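J.: What follows is the residue order along each chain.
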Amino acid sequence: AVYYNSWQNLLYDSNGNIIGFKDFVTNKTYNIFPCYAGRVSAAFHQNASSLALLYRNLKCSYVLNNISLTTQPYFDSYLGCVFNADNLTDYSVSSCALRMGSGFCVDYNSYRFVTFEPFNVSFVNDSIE
Amino acid sequence: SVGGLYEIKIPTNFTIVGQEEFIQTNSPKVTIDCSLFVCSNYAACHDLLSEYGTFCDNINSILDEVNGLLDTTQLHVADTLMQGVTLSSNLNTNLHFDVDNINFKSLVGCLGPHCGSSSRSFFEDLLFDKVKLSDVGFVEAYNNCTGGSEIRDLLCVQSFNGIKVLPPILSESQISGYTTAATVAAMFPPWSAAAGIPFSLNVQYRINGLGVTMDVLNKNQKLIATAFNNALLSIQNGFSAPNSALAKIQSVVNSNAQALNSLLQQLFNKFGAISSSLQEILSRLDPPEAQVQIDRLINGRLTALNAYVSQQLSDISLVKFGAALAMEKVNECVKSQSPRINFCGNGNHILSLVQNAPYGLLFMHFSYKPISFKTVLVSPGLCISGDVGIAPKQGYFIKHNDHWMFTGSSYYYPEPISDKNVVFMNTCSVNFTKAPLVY
Amino acid sequence: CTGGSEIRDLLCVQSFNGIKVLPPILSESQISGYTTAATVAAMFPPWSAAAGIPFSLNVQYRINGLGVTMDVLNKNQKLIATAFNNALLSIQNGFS
Amino acid sequence: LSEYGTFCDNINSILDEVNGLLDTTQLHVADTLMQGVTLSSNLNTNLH
Amino acid sequence: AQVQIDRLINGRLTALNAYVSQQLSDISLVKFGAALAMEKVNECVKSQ
Amino acid sequence: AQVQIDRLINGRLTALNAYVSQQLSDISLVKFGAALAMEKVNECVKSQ
Amino acid sequence: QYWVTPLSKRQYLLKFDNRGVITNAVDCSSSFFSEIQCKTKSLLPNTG
Amino acid sequence: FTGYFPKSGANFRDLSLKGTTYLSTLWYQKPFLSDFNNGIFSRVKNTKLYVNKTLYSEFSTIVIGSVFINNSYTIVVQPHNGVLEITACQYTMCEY
Ligand SMILES: CC(=O)N[C@H]1[C@H]([C@H](O)[C@H](O)COC(C)=O)O[C@@](O[C@H](CO)[C@@H](O)[C@@H]2O[C@@](O)(C(=O)O)C[C@H](O)[C@H]2NC(C)=O)(C(=O)O)C[C@@H]1O
Ligand SMILES: *[C@@H]1O[C@H](CO)[C@@H](O[C@@H]2O[C@H](CO)[C@@H](O)[C@H](O)[C@H]2NC(C)=O)[C@H](O)[C@H]1NC(C)=O
Ligand SMILES: *[C@@H]1O[C@H](CO)[C@@H](O[C@@H]2O[C@H](CO)[C@@H](O)[C@H](O)[C@H]2NC(C)=O)[C@H](O)[C@H]1NC(C)=O
Ligand SMILES: *[C@@H]1O[C@H](CO)[C@@H](O[C@@H]2O[C@H](CO)[C@@H](O)[C@H](O)[C@H]2NC(C)=O)[C@H](O)[C@H]1NC(C)=O
Ligand SMILES: *[C@@H]1O[C@H](CO)[C@@H](O)[C@H](O)[C@H]1NC(C)=O
Ligand SMILES: *[C@@H]1O[C@H](CO)[C@@H](O)[C@H](O)[C@H]1NC(C)=O
Ligand SMILES: *[C@@H]1O[C@H](CO)[C@@H](O)[C@H](O)[C@H]1NC(C)=O
Ligand SMILES: *[C@@H]1O[C@H](CO)[C@@H](O)[C@H](O)[C@H]1NC(C)=O
Ligand SMILES: *[C@@H]1O[C@H](CO)[C@@H](O)[C@H](O)[C@H]1NC(C)=O
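Chains as they are written, first to last, in my numbering: chain A, 29 to 157; chain B, 989 to 1427; chain C, -12 to 83; chain D, 41 to 88; chain E, 505 to 552; chain F, 505 to 552; chain G, 737 to 784; chain H, 45 to 140.
Incorrect hints may have been included.
Calculated cross-link-like contacts (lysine-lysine; reagent style DSS-like; alpha-carbon spacing at most 27 Å) [stated by the list, open to error]:
no., chain 1, residue 1, chain 2, residue 2
1, F, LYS544, E, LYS544
2, E, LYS535, F, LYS535
3, F, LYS535, B, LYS1308
4, H, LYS97, H, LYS62
5, G, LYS777, B, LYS1258
6, B, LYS1357, E, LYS544
7, F, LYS544, E, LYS535
8, B, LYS1258, G, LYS775
9, B, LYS1422, C, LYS62
10, H, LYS89, G, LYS751
11, G, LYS777, B, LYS1236
12, H, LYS92, H, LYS62
13, B, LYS1308, F, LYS544
14, B, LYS1308, E, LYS544
15, G, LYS751, B, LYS1258
16, H, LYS51, G, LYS775
17, B, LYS1120, A, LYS87
18, B, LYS1207, B, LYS1387
19, B, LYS1118, B, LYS1308
20, B, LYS1381, C, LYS65
21, B, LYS1258, G, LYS745
22, B, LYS1408, C, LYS62
23, H, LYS51, G, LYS751
Residues from chain E that face chain B, not an exhaustive set, calculated with beta carbons under 7 Å [unchecked claim]:
no., residue
24, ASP510
25, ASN521
26, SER525
27, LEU528
28, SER532
29, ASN546
30, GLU547
31, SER551
These are computed hints drawn from the structure, not numbers from a lab. C-beta atoms are modelled at their ideal positions from N, C-alpha and C, and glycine is treated no differently.
Excised from the complex, chain A in its bound form:
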């Protein structure tokens, strides 16, 4: 940074929060960012002995390296990292009790991350012309 004059050592936002500073000893400048905070979207089925967890908008590398390690299988879905559910987006269901958003569903037999397609066209093989 180049905005600190001789008498300045703290950077403030419009709300009065400290968002950056210049160290008085080393003169090195740093930006301050809030630590990650969020929720876990857990999908549960009454017949299951476990949960399907969705860390919304988080990559699985980020969850395992910076939130918590786990032994459950995982994959990067469109909605975020999904734990304890098989990636089966090529499969579809017309009814869904665990709707995760953006046309995605959690289906329990294990849990399956499946596309949600509540409506489809009635097809006929008649000529178009």
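Once you have looked at the hints, place chains B, C, D, E, F, G and H with the ligands on chain A.
T.: Quick look at chains B, C, D, E, F, G and H with the ligands alone, frame taken from chain A:
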């Protein structure tokens, strides 16, 4: 009235005008974590917030019910778009995009699951690229919160404070697929969304029902088709300039961003306490007085959440009303033409079409617009033969070449009087022009 | 509120305490002009708010559509018009 | 009251939005009343 | 005096919040009634 | 005792305002549902 | 030239550029336009 | 931000006085001798003079105090051509 005739301006030429109408059928699904919003990470606040008990359970429950109402509403809108849609498996939108000189290439996206999420029309692409915070926009913005970027996205600050917008249960790509299916259902057999007849014939019969003779319609078919796709092009080009429908779409995103930012600003209100920061209170005071200051912040933040939840309940009630209106417009303007005059936009409504839009549906209403007029003398009825009364059907009686003839009320084309364009009466009403020489 | 009136209007107390009713963007006189225009649009040519036909004929065709033969309906035109204006007078007198 | 922050700004903003909805609604009602209305310039209140 | 004035500020702000919530709810009914009135104009006065 | 009872009164009254605001919203939805039911009676049951 | 003016405890809207320099300022209670600028926290308020 | 700021739209007063030999006794009374109250904001012209084309900076010295007697501290802000000498001392101030 001179004699038994009145002066009326009857159209001598016409065009088709297209009108946009955005109806909001959905809104961003805002979720608050009441515990994380009120108390952040601070154990001294969480201990006190537990003594307010069910206030956070009520905030969470009311927003979960509100989001459930939005999800149910989106499913009802999608069910309405796909209701009765039957398509041929031989339909390939890459080759099949125009019929009877009417072009729907811009209104129709790729059809079938082989495309994946690419089932969005050129019209919908052009309408979605002007709105940053759509469902995919929110997902991409929240994905970037842990990307290590120096940019302080306001959505990232809101989400870290427990304020996050969840994606709708059906993606806007699925809804665009449903609007695409509803649109092609009008262009090809079995025409399941166009009264079971070809689209050009449905447009012709709808224009004829306004009081236009079929003789000019079946000879000006090229002019009608060109006026129709020109009206569609006018609608598409209207989004490149300040537009009321695009402004209405952007108002949904702007009002939501303003409400969420206003809710986040409550975390910086002191509410009469020494500071709005829990860290400053806990670093200045011991538990006997820190609890007093923290209680002031808890009451202020919970009051702000009750106010936001009351505003959200009111806004979602307006969205349910708008979604009910959009479902009614789909059923009574696109899939069919209900006998309601100004329901499907203003003017002489011919037909309507629907396209997906961020948080709603965009309807294109096509109307019969007169270009030039001829002032003529009309008779609303005639007394003929043995005092038998006749009234014109969707038209007027005209003295053309000193002989009584009929013309449609919406297009000047004098044609012979017959049982096809007349309502008979055994007795003629007073003031009906006397014409013993007719029929 | 600024007049030399001895009567304490409750609205003046409310306005001085910050609570005030602002007038609508369109005056009720403008809306009355619009309802007047909508009403005369049914009486005279081109009958733009009466399906493009005279008001009496629109009343007659509307009554015929209920299952009333056109014969008694056009022979009793003055009785129908007097019944219509008597109904309108009854609505006006009902406000008293 | 200045130490309460945005409380009065929120109250003014919500009432301004409510009044904007009432104004927009009145314009829509007026547009609906006047839609498609064509009158002759020969109309006179004192004769017709 | 600050303690007493603070109790009045909290009561008066709570009252304004309650009034604003009621006003939003009532304007929703006004919008519904205006929609019904526009529909009645279009489908009972301008046409049948 | 007055201080402790004032905390309970403010909490109980705040919760009563929240319940009243929720009830107003729910009854507005019931009015919309009843209007739809009257339309269905008139246009599906008594006539088509 | 030695121009002097009295100081007083006043609320000001201070605008800082991308390099931290105060480029513009508004004395909030000086005039009606200054009150609009401070209310909207901007030098050029929207048309309204 | 709330701080010690000038009132916008108020009037600045040019209190600078230049003399050659004579000093008017009226220059040392009201309104020149002004009340301090909370404080003052000064906009000072740097009178850039030249001797043998060499630049020299001059401007009026300001004194801030109460009674200006050696029983009291008087603050003095005085320029010395690029050096701003600021002192606060029990000065025995002159009458003029
Ligand atoms: C506060 C004020 O009003 N200040 C002005 C000052 C006074 O009115 C004057 O001092 C008062 O006097 C009393 C109290 O008796 O007058 C000045 O202007 C003079 C003419 O008015 C100036 O030209 C001088 O003229 C000479 O004839 C002379 O001796 O006055 C010769 C001298 O060499 C020359 N000074 C030079 C060369 O700078 C000045 O300077 O003094 C300009 C100042 O802005
Ligand atoms: C950190 O930055 C400050 C400010 O530039 C440095 O302080 C200056 O140091 C020089 C050399 O001793 C002095 O001539 C200046 O007068 C100092 N300025 C001030 C404001 O104190 C300081 O030396 C730097 N320290 C490091 C470790 O980089
Ligand atoms: C999750 O499953 C889907 C569906 O099988 C994967 O997407 C397919 O990936 C293959 C390559 O391995 C492509 O050829 C297909 O075209 C993709 N299909 C679709 C519908 O996109 C997806 O890659 C899987 N993701 C993970 C992280 O396992
Ligand atoms: C009548 O049928 C013909 C033949 O199917 C149609 O002609 C095609 O029209 C498209 C435009 O929609 C042209 O691009 C093609 O080149 C035409 N093909 C041929 C073989 O002529 C015509 O559109 C139909 N017209 C109507 C009004 O039904
Ligand atoms: C869950 O278990 C019950 C009882 O065995 C059964 O009726 C139901 O069909 C099961 N559903 C699923 C998804 O397994
Ligand atoms: C819609 O999809 C489901 C699941 O693939 C299928 O059972 C159903 O038969 C489909 N609809 C039609 C009309 O065939
Ligand atoms: C359409 O499907 C039916 C039923 O399977 C079959 O009898 C018919 O031959 C098919 N026609 C074509 C053109 O595929
Ligand atoms: C109708 O109007 C268009 C546009 O002005 C014109 O090109 C066309 O020739 C007109 N046709 C008739 C019959 O006047
Ligand atoms: C997300 O981050 C990438 C990489 O910095 C950037 O290209 C993209 O525009 C960002 N999108 C959003 C919505 O923030």
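J.: Next step is simple, just say for each hint if it's right about the structure.
T.: Status of the hints after comparison with the structure:
A hinted pair counts as satisfied when its Cα atoms are at most 27 Å apart, and F/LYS544 with E/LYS544 qualifies at roughly 17 Å. For the given pair, E/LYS535 sits about 13 Å from F/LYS535 by alpha-carbon distance, which is consistent with the 27 Å threshold. The suggested pairing of F/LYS535 with B/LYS1308 holds, with an alpha-carbon distance near 13 Å, which does not exceed 27 Å. Only pairs whose Cα atoms come within 27 Å are accepted, and H/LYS97 paired with H/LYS62 is accepted, the gap being roughly 23 Å.
As the CA atoms of G/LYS777 and B/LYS1258 are separated by approximately 19 Å, the hinted pair is consistent with the 27 Å bound. For the proposed pair B/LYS1357 and E/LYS544, the alpha carbon gap of about 24 Å is at most 27 Å, so the pair holds. Note on F/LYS544 and E/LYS535: the hinted pairing holds, with a Cα-Cα distance of about 21 Å set against a maximum of 27 Å. Among the hinted pairs, B/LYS1258 with G/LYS775 is consistent with the structure: their alpha-carbon atoms are about 19 Å apart, no more than 27 Å.
Of the pairs offered as hints, the one joining B/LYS1422 and C/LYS62 holds, with about 17 Å between alpha carbons and a cut-off of 27 Å not exceeded. Proximity of H/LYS89 to G/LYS751 is assessed by CA-CA distance (about 26 Å); at most 27 Å being required, the pair is judged to hold. A hinted pair counts as satisfied when its Cα atoms are at most 27 Å apart, and G/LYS777 with B/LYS1236 qualifies at roughly 25 Å. Restraint check: the Cα-Cα separation between H/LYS92 and H/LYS62 comes to about 15 Å, which is no more than 27 Å; the hinted pair holds.
Under the criterion of a C-alpha separation no larger than 27 Å, the hint pairing B/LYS1308 with F/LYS544 is consistent with the structure, at around 18 Å. Using a Cα cut-off of 27 Å, the hinted pair B/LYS1308 and E/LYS544 holds, with the two alpha carbons roughly 21 Å apart. Distance hint between G/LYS751 and B/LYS1258 is fulfilled; the C-alpha atoms sit about 23 Å from each other, no more than 27 Å. The suggested pairing of H/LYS51 with G/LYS775 holds, with an alpha-carbon distance near 18 Å, which does not exceed 27 Å.
The hinted pair formed by B/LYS1120 and A/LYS87 meets the criterion: a straight-line CA distance of about 22 Å does not exceed 27 Å. A C-alpha spacing of about 25 Å is found between B/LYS1207 and B/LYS1387, which places the hinted pair at or below 27 Å, so the restraint holds. For the proposed pair B/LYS1118 and B/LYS1308, the alpha carbon gap of about 25 Å is at most 27 Å, so the pair holds. Distance restraint check for B/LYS1381 and C/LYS65: the Cα-Cα separation of roughly 25 Å lies within the 27 Å cut-off, and the hinted pair is therefore satisfied.
This hinted pair checks out: B/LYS1258 and G/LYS745 have alpha carbons roughly 21 Å apart, not beyond 27 Å. Distance check on the hinted pair: B/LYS1408 and C/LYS62 sit about 26 Å apart at the alpha-carbon level, within 27 Å; holds. Distance restraint check for H/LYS51 and G/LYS751: the Cα-Cα separation of roughly 17 Å lies within the 27 Å cut-off, and the hinted pair is therefore satisfied. Given the 7 Å rule on beta carbons, the hint for E/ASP510 holds: about 5 Å separates it from the nearest Cβ of chain B.
Taking 7 Å as the C-beta contact cut-off toward chain B, the hint placing E/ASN521 at the interface holds, the least distance being around 6 Å. With a cut of 7 Å, the hint placing E/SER525 at the interface with chain B holds, because the nearest CB-to-CB distance is about 4 Å. Of the supplied interface hints, the one on E/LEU528 holds, with its beta-carbon coming within about 4 Å of a beta-carbon of chain B, less than 7 Å. For E/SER532, the suggested interface contact is upheld, since its CB lies about 5 Å from the closest CB of chain B, less than 7 Å.
With 7 Å as the threshold, the beta carbon of E/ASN546 comes within range of chain B, its nearest partner Cβ sitting at about 4 Å, so the hint holds. The interface hint given for E/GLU547 is met, as the beta carbon of that residue sits about 6 Å from the closest beta carbon of chain B, less than 7 Å. With a cut of 7 Å, the hint placing E/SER551 at the interface with chain B holds, because the nearest CB-to-CB distance is about 4 Å.
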